[PDB]
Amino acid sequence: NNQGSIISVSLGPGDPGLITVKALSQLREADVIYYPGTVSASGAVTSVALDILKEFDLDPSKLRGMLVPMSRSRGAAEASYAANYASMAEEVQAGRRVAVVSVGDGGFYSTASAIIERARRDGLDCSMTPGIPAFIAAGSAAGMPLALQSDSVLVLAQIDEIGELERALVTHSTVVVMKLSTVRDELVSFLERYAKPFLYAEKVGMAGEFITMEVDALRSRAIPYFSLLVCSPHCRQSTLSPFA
């Protein structure tokens, strides 16, 4: 029926089997669940978060979409989440158990952190249940390690110019770049230039999963928001590598 007041519930990165035992139980006991999604020109919502929730046989009545276009004002998501907080607060006032869900982990580049600021300063009971980051899941779906003994790992997100990844590469073991859409027109020439093992992973664990280590397989590919890149020598270990 309920338990907490405001909970940031990580869904994991797309495969519903990769939610935690705890996150899943929190969802089933929540009174209301807010999820992010995007809308196209017509209606037609796209929401990876909702696609995941739909696998849990939850009461479709308790679900509250927070909807945006495709935008980059520190992700119009911040305003969208901000705008939605009032209702979440009133639900919490009504004595309800509110979940705000995140693809991957709620504390790792998630706008849910805006809800947990406000929740904590308005003195409400709030919590974070963590989830598997997308880059962790990508490494495992490719059958490779991301980090071994003495490695460093640098994680970047919303890369500005492709030159930012280029500079980082040499001073770091593995580099991970999230949200590749922001360099969708620069990715392929970067990859030809780099000429070193990489993992491209899109929609991992989800219906349209696509993972590749071949530049040719990306030449005429649309690079969407939910996609990431791993540049690392360890990519040689993957099942997707000729090196075995």
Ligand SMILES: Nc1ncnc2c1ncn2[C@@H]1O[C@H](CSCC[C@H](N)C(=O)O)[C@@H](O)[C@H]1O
Second form
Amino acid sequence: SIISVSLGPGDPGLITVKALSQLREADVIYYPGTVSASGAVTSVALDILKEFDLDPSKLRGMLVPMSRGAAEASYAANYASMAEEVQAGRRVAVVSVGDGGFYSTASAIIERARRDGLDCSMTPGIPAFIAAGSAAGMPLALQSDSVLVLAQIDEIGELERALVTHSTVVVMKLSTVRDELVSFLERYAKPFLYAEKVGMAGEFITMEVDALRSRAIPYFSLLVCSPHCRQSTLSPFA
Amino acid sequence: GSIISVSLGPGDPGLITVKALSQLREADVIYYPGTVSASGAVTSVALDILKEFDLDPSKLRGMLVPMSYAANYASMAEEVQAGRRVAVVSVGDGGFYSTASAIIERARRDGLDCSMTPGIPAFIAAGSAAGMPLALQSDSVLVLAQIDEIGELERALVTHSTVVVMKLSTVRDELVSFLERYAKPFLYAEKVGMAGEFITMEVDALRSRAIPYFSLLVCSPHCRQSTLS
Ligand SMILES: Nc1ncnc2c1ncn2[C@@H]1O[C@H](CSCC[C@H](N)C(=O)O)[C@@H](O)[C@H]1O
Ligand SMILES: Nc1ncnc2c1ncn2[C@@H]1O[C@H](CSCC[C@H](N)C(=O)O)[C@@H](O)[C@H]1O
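With the form solved without the named molecule already on screen, would you show the form deposited with the named molecule bound?
Then the entire complex follows, led off by the chain already shown.
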């Protein structure tokens, strides 16, 4: 069978009991990764998997890099071998950072596993934006709030318009408006959370625009704009 | 001592995080939410989850509300000052329409050591249970809760393609009327991962159906990518 196993967003302790047992029992793994102009691999998913004491030879990397991302194609070029351990009776999981049905490319493997037969399942995980809220010690939503989550916005204008109609707004992937961010956070003169590599080795979370002026805004970062940011341990309002 | 907002996840005990489980097992005292109706019957899905982890039963403290209780802060203040590890639990995630949020704010409002361990929201568990994605490359996701009238949802659905609706009890009588006129893919998800889970993408399955507090609605084109469409 093939199982879409959510890892949670970075802290290995944030994997579910179920997802962890599913990893320990899989015959082969399948994790996404990135190469950044020369080779040498970066994989936030493998960084998590490394803490579970899994057999290193079960893990199958899925690589070509950050772009579109071309991720859709990359997974597709690996499902062929996924419908082969499966026909040979083996347990295949395909891991996702955060949750496997929340902006995950794993959603191509499962949509294709169904229609093709083959016993497939999704085990859910904690979205990054959820873990970010908790890392900052704030609520994301209270009583009747709406929450809007956006991804891959094409220019900062989009965030600005959404921000008068909605309670909380969450913006993911953020190396897309990485150059517009500080100017945006200056206008909008309102509380925000910037959260990078939540639960991972290089975690960085801030509510200070000053702290972002010279910061490189990488793929694994998100923004929360919400009056609830005033409740964070990171806010002067306490 | 200290106080921790521990998220339980949304119902299936296997969906608690390893960390949250560790923290419950180490807690001296665990406070959990529940409701008591006009008749005196108690409902507590948090305790239903808790009863799946082999915790010492004597350490569990109910905080029962009609259906104000943010007042339970003594005994918690009481316990922490005393040196004890207090846990306050939430179904799903504790910062996502959770009333643990009230306790934590009050807790830090005093000197107290507080932290939040996240959990999986029920809308997330629902998409996974149905075998469908909630979001792909560039989609927006809109979550509404306790909408004041059904118009809210219609208005949202024209300008947003994936809309989740949560405390649906405010709008329960209007649901089937709405779905026949929407005439598009949807997921109804009730008590996901709990005894009596019921998941449907069929309007006929909702006609004789009583729609309770722990249900949510996902309206998304992506519901067609499920097994149950
Ligand atoms: N640990 C983390 N910290 C900050 N952002 C993260 C993150 N993990 C994932 N993200 C966000 O997720 C985007 C990739 S889309 C994948 C989302 C993941 N499936 C989830 O459930 O959250 C990144 O651009 C970033 O905005
Ligand atoms: N197991 C479950 N199944 C279906 N709906 C659930 C659920 N748990 C919570 N809900 C939804 O959550 C609403 C309560 S507000 C609590 C939300 C919880 N903190 C979370 O993170 O999901 C309910 O009205 C219902 O819409």
